[PDB]
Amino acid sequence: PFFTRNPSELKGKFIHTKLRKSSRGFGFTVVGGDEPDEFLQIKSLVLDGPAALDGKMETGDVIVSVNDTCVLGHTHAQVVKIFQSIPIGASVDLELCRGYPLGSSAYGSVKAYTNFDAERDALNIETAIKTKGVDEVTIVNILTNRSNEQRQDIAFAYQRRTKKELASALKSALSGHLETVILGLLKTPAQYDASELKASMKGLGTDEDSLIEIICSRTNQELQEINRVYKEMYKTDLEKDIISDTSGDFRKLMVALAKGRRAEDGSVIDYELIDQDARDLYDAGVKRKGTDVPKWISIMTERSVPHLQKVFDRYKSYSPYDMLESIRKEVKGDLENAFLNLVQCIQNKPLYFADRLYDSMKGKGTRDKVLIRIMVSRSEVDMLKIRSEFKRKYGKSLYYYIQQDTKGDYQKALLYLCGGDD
């Protein structure tokens, strides 16, 4: 939460831009400036409007000065009154500072580069691509220290300087697992999830594990973008593809989870409902011979995750087995695997990914597809929590295991995504 009210103590890039207030304002949304030491950054822009048409303003930029007046550390309502008082047709001068991300998970490992230069990085990447023997170290040292958004702009700058999409270029220069890591980093969170989903459903046999990991661990917000982008790329609804390659009660569970319509975190704790769901889960499984499966699917998919965390504790007051052990006894197959993965993500999702990373490396060889997908998909989310749970359980760091199990530039590429030892 870094904040300052002196411009000389900012360390981003400074942009000066002049805007003329249209009939629909300057056409941008501002956020921040609410809790004492808080910045004001650009939430969104209006494509039709003046702020975007000028092009100089980017989202996540901090408003330094508004027409000669420094607004660093001014309240949200103070600087809003400045812009609103500008008459239609009048012009405003904005000094903007970029390098301070608007939104960023506090527990990710890879952080946005402060001195970001999309054009320079695309030029340094093409330098490493064209090098005799290929300079894999440079491509790794660059793309693993940039956020996914910054990688979406480098892929723009690379096409604008080569007329060749950076994906195809790096595909031809890289090989082995290092190629798989880099190609996944160059996809948006929705793109990479949507690609690894379809890839799990190539051929009659399906990679049920990869399917279970992605669907069980993603949030409603993440699943909405996945369902959108999946039809965008593969010309078909993700639900539709799921009905095809899945079947049975396991199909119901995947379709319900993939809909991304879980109830948001309730404002008030439903203690009365926590007891009811806990008893219903008991009535529908271990209390009787047999299993009322749709009751499990309904409760475990429609309740908020904080709620379900508390029913799994309260469920121990009705059942001599916990929710995990009860799943192994009442059900089997891919339905069993799905339920076990699901409640792990509900109880402790970072621990869920820490356990998965340990399984991919504990035996002979590496399950590289699982290791790479987790390091890519959780690098900007909860990688620090994953590393935290990992060392507590297994005694040594996640860094130490990637070091033993992988080698080469591929090893260094994953160690950057890890983000240091523990």
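Numbering follows the first chain given and starts at 1. Here, rigid core means the biggest group of C-alpha atoms that superpose within 1.5 Å across both forms. What changes on going to the form deposited in another entry:
Relative to the superposed rigid core, the position of the CA of residue 366 differs between these two forms by less than 2 Å. Comparing the forms between these two forms, the C-alpha position of residue 78 differs by 2 angstroms or more, with the core used for superposition. Hinge motion between these two forms is captured by two rigid parts, the smaller swinging by 67° against the larger on C-alpha superposition.
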Given for the second form:
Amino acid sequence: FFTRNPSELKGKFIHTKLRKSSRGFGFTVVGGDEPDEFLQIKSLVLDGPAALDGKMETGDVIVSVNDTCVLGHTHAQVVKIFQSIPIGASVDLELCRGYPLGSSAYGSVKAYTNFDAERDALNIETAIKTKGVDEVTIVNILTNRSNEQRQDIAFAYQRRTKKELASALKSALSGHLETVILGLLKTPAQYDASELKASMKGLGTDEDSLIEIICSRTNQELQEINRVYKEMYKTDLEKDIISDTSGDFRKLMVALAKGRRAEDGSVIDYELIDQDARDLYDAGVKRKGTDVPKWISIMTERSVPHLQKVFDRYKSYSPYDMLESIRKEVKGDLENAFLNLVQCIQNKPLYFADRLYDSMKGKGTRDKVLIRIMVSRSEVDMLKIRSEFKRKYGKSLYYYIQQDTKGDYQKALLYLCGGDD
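Following the display of the form deposited in one PDB entry, present the structure of the form deposited in another entry.
A lone chain is what you will see next.
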């Protein structure tokens, strides 16, 4: 939720006055990069003038600065205001509290307010070394901390025990719960890189997992994945994809994994929307056979909001929509890849919702799918996924997880789900 009007903010307004010392006002601001986004306080230098006052907190939306509304200004416009303030001069800030954090706006797992990594690390060490292992404590803590906070905990635990927290939990847990907890301990890039590597172990590859990650990750997420993957496995993710895929499926996976999709433009390009739509039609349903490189080119290179509009304009040319056209035109890993991709373009929360439903709908569970989605999306769009799940399937994601899993494994997934609907 974003608004550039102070009369539509429904939080608490706090007026504060600060003097810029020798090391700035003493705080870090975040947000204000994507068009409709707020500007919230990230951290406070505890020896700086901002933390000194004590009226300013993390998550506060900066409504105005020096009698000028900065609601809806970019990140560089309000940074230039505070930097132009000389040393010793005064700034006036009206803040608004009641809003999450922007980045994790639709996540289910939020940063724990009274976070203390040392206390969490000790409590986790005590749980591990309790006779019989206190899994409930390990679950209650790690699933109610952000990933960032889980990195501080693992650092404090290594500071205290001289052993890595992941090694310790490995020897204390087992089965599906172990998979969940170790997944949560990795950073997003680390987790995705290791799922990618596991989908390529042995001669046979797990095409479904490779497709799920490569089709759903953004440019930014794919950039960091490529970096951490070579760091961890001493090889480029692209090379490993070339090794374990072939044909047109290889072309599509290599192109998507580059994370070089064009960024969402400023202007809507209506002529290109219609021309792209025309080109997708001519390349497939209009003709015998399929010009797959043309599909690959358009669907991996245009921005997501552009492709959403070409898929709607595509319905003007073809009697089948994009999903139906994919099933009619193509087969195999290639068909699956195209279907997962345009679902991700059209409605990504619904994509994950359907993938979650499919993992639980029948006999047993596809736990690798359920676990990976619960872990990887819990700080991204889990609230939207739950909304789409409930709208489409009539019962909550929570309800299905509760039916399909049991034990501490279930409780860990329910915490990642974040409540019922």
